[PDB]
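Trainee: Residues per chain are reported as follows:
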Amino acid sequence: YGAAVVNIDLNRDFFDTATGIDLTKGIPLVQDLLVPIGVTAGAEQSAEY
Amino acid sequence: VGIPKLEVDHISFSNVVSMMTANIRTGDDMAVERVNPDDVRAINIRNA
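Heads up: the protein sequence lines correspond to chains B and C, in order.
According to the deposited numbering, the first sequence is numbered sequentially starting from 199.
According to the deposited numbering, the second sequence is numbered sequentially starting from 1286.
The set of hints was computed from the structure by calculation and includes no laboratory data.
Beta carbons are placed, not taken as given, at the ideal position from N, Cα and C, and that holds for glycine.
Hints may contain errors.
[What the hints assert, rightly or not] Some chain C residues near chain B, calculated using beta-carbon distances under 10 Å: (1) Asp-1313; (2) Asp-1323; (3) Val-1325; (4) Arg-1326; (5) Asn-1329.
All chains, full assembly: derive it from the sequences and hints.
Mentor: Listed below in structure tokens is the structure:
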């Protein structure tokens, strides 16, 4: 009695945080698979989606 | 009427045109910034 919001997403268990991906935001974010070769320092932070 | 000071052949003592400033001092100079395009990958060269 008193739930503000419920919802559906990716199970933070089958997709473990250690050996594979990560989910703190909604998007399942992995580190370095497709990094844009030649840009500034703050870029590529979206190509990790 | 009135022949120009030259081509008449005699030395004289006439007038000039001057100003007040030191010119090079305003305490400033053209100050411009430039922003880099960004990526070298997607710059357009093909304008002919």
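Trainee: The structure should be examined with respect to each hint, and the outcome stated for every one.
Mentor: Hint by hint, here is what the structure shows:
no.: 1; hint: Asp-1313; result: violated, 32 Å
no.: 2; hint: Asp-1323; result: holds, 7 Å
no.: 3; hint: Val-1325; result: holds, 5 Å
no.: 4; hint: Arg-1326; result: holds, 5 Å
no.: 5; hint: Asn-1329; result: violated, 15 Å
Of the numbered hints listed earlier, those contradicted by the structure are 1 and 5.
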